[PDB]
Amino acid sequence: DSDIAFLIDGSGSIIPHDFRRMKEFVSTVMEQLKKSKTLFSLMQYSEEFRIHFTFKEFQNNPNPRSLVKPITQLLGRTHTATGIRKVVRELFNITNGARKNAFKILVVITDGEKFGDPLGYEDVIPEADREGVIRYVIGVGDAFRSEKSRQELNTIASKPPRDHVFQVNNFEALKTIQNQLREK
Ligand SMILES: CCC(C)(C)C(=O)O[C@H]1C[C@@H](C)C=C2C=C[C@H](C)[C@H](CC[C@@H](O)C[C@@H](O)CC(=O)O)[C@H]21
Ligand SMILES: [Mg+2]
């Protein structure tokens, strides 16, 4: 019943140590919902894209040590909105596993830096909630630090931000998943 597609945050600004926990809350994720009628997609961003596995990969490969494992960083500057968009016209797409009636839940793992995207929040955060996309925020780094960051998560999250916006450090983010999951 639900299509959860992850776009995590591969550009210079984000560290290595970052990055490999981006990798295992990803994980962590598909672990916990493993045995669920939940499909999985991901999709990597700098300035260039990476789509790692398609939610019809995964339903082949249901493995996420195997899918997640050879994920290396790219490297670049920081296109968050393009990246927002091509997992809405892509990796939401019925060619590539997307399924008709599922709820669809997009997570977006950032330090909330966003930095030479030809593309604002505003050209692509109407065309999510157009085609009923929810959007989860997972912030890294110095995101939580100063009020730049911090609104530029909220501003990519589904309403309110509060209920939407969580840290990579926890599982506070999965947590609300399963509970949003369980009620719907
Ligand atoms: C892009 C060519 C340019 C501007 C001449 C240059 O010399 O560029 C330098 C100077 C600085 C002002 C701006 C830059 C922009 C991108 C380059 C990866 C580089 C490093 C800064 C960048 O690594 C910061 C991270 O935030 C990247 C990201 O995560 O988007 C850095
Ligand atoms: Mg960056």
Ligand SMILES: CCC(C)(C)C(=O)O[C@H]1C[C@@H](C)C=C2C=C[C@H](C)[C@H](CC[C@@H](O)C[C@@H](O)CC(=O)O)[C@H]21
Contents of the next structure:
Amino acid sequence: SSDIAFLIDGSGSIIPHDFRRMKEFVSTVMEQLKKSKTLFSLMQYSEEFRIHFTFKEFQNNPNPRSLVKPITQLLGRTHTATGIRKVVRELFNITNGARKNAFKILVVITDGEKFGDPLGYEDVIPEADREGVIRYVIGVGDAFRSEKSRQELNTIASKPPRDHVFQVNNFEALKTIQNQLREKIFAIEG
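Following the display of the form deposited with the named molecule bound, present the structure of the form solved without the named molecule.
Single chain only below; no partners, no other molecules.
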């Protein structure tokens, strides 16, 4: 059994066109990953945080496209480290339908460097690792073309980064790593 949380950047750095494409990617990946005993959860982050659905909300309505299609973009800045904290503490929580024995998997989609966040990765990654949350990160756009900028993606992802970090040029190219992400997650869960 698998509890797979998505944490998606809803900052004003993402244009409406690209937000639709992110929503389509999450819809399709969740569809392709559906297995008996798989639950999904989705949080959107900027400088605010929105649980679109818990694992418990998913269990009672196990239809990803239905849950993702209606969401509105938050806009604002990019508090990625708080996003991860709230996923670990609020989405991977038995009160919200998370399961004791389950594979804990987090997919982070980010369009920008952390900015405005009262927390560093040092404040949140250690807790994530104690709770067994396996983290994949997708950095979209020019913000992660530098080798300096790509270190943030290595800080977020589970070790080794080689197996856990994806870089896509823009939201159009998001669909081009769909199958890779799925295969990495199937490699863990069967």
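If you superpose the two forms and keep the largest set of C-alpha atoms that fall within 1.5 Å, you have the rigid core. Positions refer to the first chain, counted from 1.
In the core-aligned comparison between these two forms, the C-alpha of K148 is the only one from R130, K148, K69, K159 that shifts by 2 Å or more.
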